[PDB]
Every structure is written in C-alpha cells, then in structure tokens.
Amino acid sequence: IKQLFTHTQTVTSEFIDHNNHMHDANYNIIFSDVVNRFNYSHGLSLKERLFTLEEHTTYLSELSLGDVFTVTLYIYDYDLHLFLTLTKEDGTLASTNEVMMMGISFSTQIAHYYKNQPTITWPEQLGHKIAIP
Amino acid sequence: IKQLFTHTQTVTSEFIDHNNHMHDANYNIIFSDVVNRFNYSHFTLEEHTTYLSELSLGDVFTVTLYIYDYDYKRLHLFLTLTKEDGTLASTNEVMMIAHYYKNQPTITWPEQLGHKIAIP
Ligand SMILES: CC(C)(COP(=O)(O)OP(=O)(O)OC[C@H]1O[C@@H](n2cnc3c(N)ncnc32)[C@H](O)[C@@H]1OP(=O)(O)O)[C@@H](O)C(=O)NCCC(=O)NCCS
Ligand SMILES: CC(C)(COP(=O)(O)OP(=O)(O)OC[C@H]1O[C@@H](n2cnc3c(N)ncnc32)[C@H](O)[C@@H]1OP(=O)(O)O)[C@@H](O)C(=O)NCCC(=O)NCCS
Numbered sequence: 004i005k006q007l008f009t010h011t012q013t014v015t016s017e018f019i020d021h022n023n024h025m026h027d028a029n030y031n032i033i034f035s036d037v038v039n040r041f042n043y044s045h046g047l048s049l050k051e052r053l054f055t056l057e058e059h060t061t062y063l064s065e066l067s068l069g070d071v072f073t074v075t076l077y078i079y080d081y082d083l084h085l086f087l088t089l090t091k092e093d094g095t096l097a098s099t100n101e102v103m104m105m106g107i108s109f110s111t112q113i114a115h116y117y118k119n120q121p122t123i124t125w126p127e128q129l130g131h132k133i134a135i136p
Numbered sequence: 085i086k087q088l089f090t091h092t093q094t095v096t097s098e099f100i101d102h103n104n105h106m107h108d109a110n111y112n113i114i115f116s117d118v119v120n121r122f123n124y125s126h127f128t129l130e131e132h133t134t135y136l137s138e139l140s141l142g143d144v145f146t147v148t149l150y151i152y153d154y155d156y157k158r159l160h161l162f163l164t165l166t167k168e169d170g171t172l173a174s175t176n177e178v179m180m181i182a183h184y185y186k187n188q189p190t191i192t193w194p195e196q197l198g199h200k201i202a203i204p
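Each protein sequence line maps, in turn, to chains A and B. Just so we're aligned: 127 in the numbering used here is position 124 of the first sequence, and the numbers increase by one with no gaps anywhere. Just so we're aligned: 145 in the numbering used here is position 61 of the second sequence, and the numbers increase by one with no gaps anywhere.
Calculated directly from the structure, the hints in this document are not laboratory data. Watch out, some of these pointers could steer you wrong.
[Said to hold, decoys possible] Using 30 Å as the maximum straight-line C-alpha spacing, the simulated DSSO-like pairs for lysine-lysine come out as follows:
no.: 1; chain 1: A; residue 1: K118; chain 2: A; residue 2: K5
no.: 2; chain 1: B; residue 1: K167; chain 2: B; residue 2: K200
no.: 3; chain 1: A; residue 1: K5; chain 2: A; residue 2: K91
no.: 4; chain 1: A; residue 1: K132; chain 2: B; residue 2: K200
no.: 5; chain 1: B; residue 1: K200; chain 2: A; residue 2: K5
no.: 6; chain 1: B; residue 1: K157; chain 2: A; residue 2: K132
no.: 7; chain 1: A; residue 1: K91; chain 2: B; residue 2: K157
no.: 8; chain 1: B; residue 1: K157; chain 2: B; residue 2: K186
no.: 9; chain 1: B; residue 1: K157; chain 2: B; residue 2: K86
no.: 10; chain 1: A; residue 1: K91; chain 2: A; residue 2: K118
no.: 11; chain 1: A; residue 1: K118; chain 2: B; residue 2: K157
no.: 12; chain 1: A; residue 1: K50; chain 2: A; residue 2: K132
no.: 13; chain 1: B; residue 1: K157; chain 2: B; residue 2: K200
no.: 14; chain 1: A; residue 1: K132; chain 2: A; residue 2: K118
no.: 15; chain 1: B; residue 1: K186; chain 2: B; residue 2: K86
no.: 16; chain 1: A; residue 1: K50; chain 2: A; residue 2: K5
no.: 17; chain 1: A; residue 1: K91; chain 2: A; residue 2: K50
no.: 18; chain 1: B; residue 1: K200; chain 2: A; residue 2: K91
no.: 19; chain 1: B; residue 1: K86; chain 2: B; residue 2: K167
no.: 20; chain 1: A; residue 1: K91; chain 2: B; residue 2: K86
no.: 21; chain 1: A; residue 1: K132; chain 2: B; residue 2: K167
no.: 22; chain 1: B; residue 1: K186; chain 2: B; residue 2: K200
no.: 23; chain 1: B; residue 1: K186; chain 2: B; residue 2: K167
[To be verified] If you want the footprint, here are the derived chain B segments under chain A, 3+ residues with CB under 8 Å:
no.: 24; region: 86-94
no.: 25; region: 161-175
Ideal placement from N, C-alpha and C gives every residue a C-beta, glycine not left out.
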C-alpha cells in the first residue's frame with residue numbers, strides 16, 4: 004500500500020482579484036498551508052516543534068471560480084526537499100511547487116513516508132531554470 | 085539619471101503567524117503586489133523565491149524591481165527585498181519597459197538568480 008498526503012479544496016472568492024483566475028501568490032499561500040499540514044502530522048506539531056529556505060512555483064493551468072483542486076505532496080530528497088503538485092478534477096496538472104526547508108524522530112516519519120510514497124516520473128518543472136527561450 | 089521602481093513597507097503583525105517572523109507566503113504577496121504596481125504605471129508563468137534573512141516585527145523593508153530580460157511577449161523580472169540597512173532579506177525572480185530597462189542601473193546579479201534547488 005503506497006500513500007500520498009493530500010489536501011483538496013475549492014477556489015473561493017477570496018482567492019480571485021482580477022479577470023476570474025486564482026491570484027498567483029494565493030497558490031503559494033495554499034502550498035505553504037499544505038506543507039505545514041504535512042509537518043504538523045509528521046512529528047513537528049506547533050505543540051511539538053522548520054524554516055522555508057527556498058521555493059519554485061510554476062503556473063500551468065488557470066483556476067476559475069468554484070474549481071475544486073487537489074494538492075499532493077511528494078518527498079523528492081532529504082537530509083528537506085519537497086515537490087507538490089496542484090491538479091484539477093480532470094487530473095490536469097495545474098501548478099507545481101518545489102520547496103526546501105531546514106531546522107532551527109521526524110526523520111522517521113519522513114523516511115517511512117518517502118519509503119511508502121509511489122514512484123512517479125518527475126515532470127520537467129522540477130529544477131527548471133527560469134529563462135526566455 | 086538612472087531610476088529604480090521601489091516600494092517600501094513595514095512588517096505588521098498581519099504578516100506574522102509563527103516563530104515571530106514573517107510567514108513565507110506573505111513575501112510572495114508583497115512581490116506580486118510590487119510587480120502589479122509596476123505594470124500599472126508602465127499571467128505569471130513562473131517564479132522563484134529565496135529567504136535569506138528573517139523579517140521581524142517593525143522592520144522597514146524595500147522591494148526593488150529589476151528587468152533581467154524581456155522579449156516580444158515575456159517579462160523576466162528580478163526583485164530584491166532588503167532591510168533598512170541594506171541587508172538582502174529575500175529574492176524573487178519571475179517569468180510573466182524597454183526604457184525602464186535602458187535606464188536601470190547595471191548591477192551584479194546575486195547567486196540566487198537562476199539558482200537550482202538542491203541539498204548540498
Ligand atoms: C496562458 C496559457 C493558456 C498558455 O496558452 P498559449 O498562449 O497557447 O501558450 P503555450 O504555452 O500553449 O505555447 C507555447 C509558448 O509559450 C511559451 N512558454 C510557456 N511556458 C513558458 C515559460 N515558463 N517560460 C517562457 N516561455 C514559456 C513557450 O516558450 C512558447 O513560446 P513561443 O511562442 O515563443 O514558442 C496557460 O499557460 C495558462 O493558462 N497558465 C496559467 C497562468 C496562471 O493562472 N497564473 C497564476 C495566476 S496569474
Ligand atoms: C539560520 C538562518 C540564518 C540561515 O542561515 P545560516 O544559519 O547563516 O546558515 P549558513 O549559511 O551557515 O548555512 C547553513 C547550511 O544551510 C545550507 N543551505 C543554506 N541555504 C540553502 C538552500 N537554499 N538550499 C539548500 N541548502 C541550503 C548550507 O549549505 C549550509 O550547509 P551546512 O549546514 O552544511 O554548512 C536562517 O535563520 C535564515 O536564513 N533565516 C531566513 C528564513 C525565513 O525567514 N524564512 C521565511 C519564513 S519561514
């Protein structure tokens with residue numbers, strides 16, 4: 004049995020500013036929120052305790068009013084290096100997040116989550132250097 | 085006379101949830117706002133944020149906008165977030181004017197620009 008931490012929610016009025024699409028930084032709000040949710044449930048509760056060092060975000064598909072989406076969390080690497088996917092109801096990959104944190108027994112919860120997470124092909128968004136072609 | 089598009093702001097408690105420091109996503113909110121403000125007086129495809137020095141309650145910071153590159157239809161921005169002394173606190177490079185580019189001061193791009201996320 005392979006496992007995937009998941010958070011589903013819907014695009015609300017708060018998340019939209021102009022021309023009926025989810026505002027760019029609100030994606031980041033969501034990604035952060037879901038990342039805390041993963042650490043809150045993996046040994047580092049606010050009552051138990053991490054600093055965000057770095058993050059990359061790609062926006063691939065527009066998100067409209069009422070649109071329900073899912074954020075799925077993968078461990079790409081650790082010593083920790085995360086990769087989160089934001090997918091539509093169709094399964095359409097709508098956004099990506101790549102994110103690095105560090106500290107200021109969780110090593111077990113994250114180890115067994117990594118050991119028990121499914122194998123996917125990492126999309127081209129992972130470690131894609133930003134440039135104009 | 086070379087110019088720079090700039091927004092100065094103070095860290096409020098609205099920007100703090102835990103660890104007595106500015107929440108990571110609020111940086112993105114600030115950056116996106118400053119970009120929008122630039123395009124108003126002149127979609128986001130892609131973006132990269134680095135957090136190099138934590139922001140505390142009462143810190144007066146400045147966000148400064150540079151154009152790293154531009155094309156017929158794309159803008160490649162690089163934005164710096166610095167404390168009141170000059171300390172580089174955070175960076176934001178973003179893929180989404182000609183005369184802003186021509187009249188902006190030539191700087192040495194910090195190593196954050198085009199950096200690839202990895203554990204060393
Ligand atoms: C805009 C959108 C419909 C793309 O449709 P499109 O106009 O047909 O463009 P396509 O990507 O299909 O076509 C490929 C072109 O886009 C360019 N492009 C796509 N992604 C790029 C990136 N990260 N950097 C640079 N160029 C990019 C390709 O290089 C190519 O350019 P070319 O014309 O020089 O060959 C889609 O990307 C989108 O809706 N994204 C969501 C944006 C968003 O919601 N952001 C958050 C809130 S603003
Ligand atoms: C502790 C703090 C000062 C980090 O800087 P520092 O302690 O001076 O750390 P150093 O530069 O000496 O490097 C520490 C290690 O981090 C590693 N590291 C630093 N940045 C990294 C990155 N972006 N990706 C991967 N690894 C990184 C370095 O390789 C270094 O390796 P080592 O421990 O093997 O020596 C931290 O308080 C900070 O940077 N604050 C900003 C974070 C913040 O406010 N976040 C936003 C909200 S969560």
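So if I understand the rule, the pair passes when the alpha-carbon distance is 30 Å or less; does B/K200 with A/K91 pass? Distance of about 27 Å is within 30 Å: holds.
Is A/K91 within 30 Å of B/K86, Cα to Cα? 45 Å, violated
Between A/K91 and A/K118, does the CA-CA distance stay at or below 30 Å? Judged against 30 Å, a Cα distance of about 26 Å means the pair holds.
Taking only the CA atoms, is the gap from B/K86 to B/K167 under or equal to 30 Å? 22 Å, holds
Agreement of A/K118 and B/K157 with the hint, judged by alpha carbon distance not exceeding 30 Å: 43 Å, violated
Hint consistency between A/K132 and A/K118 [alpha-carbon to alpha-carbon, up to 30 Å]: 28 Å, holds
Agreement of B/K186 and B/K86 with the hint, judged by alpha carbon distance not exceeding 30 Å: Holds, at roughly 9 Å.
Keeping to a limit of 30 Å between CA atoms, is the pair of B/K157 and B/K186 held or broken? 18 Å, holds
B/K157 and B/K86: Cα distance at most 30 Å? 25 Å, holds
Check whether the Cα positions of B/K186 and B/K167 lie no farther apart than 30 Å. The hint holds at about 27 Å.
Hinted pair, alpha-carbon criterion (30 Å max): B/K200, A/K5. Please report holds or violated. 29 Å, holds
Taking beta carbons only, do three or more residues of the region 161-175 of chain B come closer than 8 Å to chain A? Result for this restraint: violated, n = 0.
In summary, the numbered hints that this structure violates are 11, 12, 17, 20, 24, 25.
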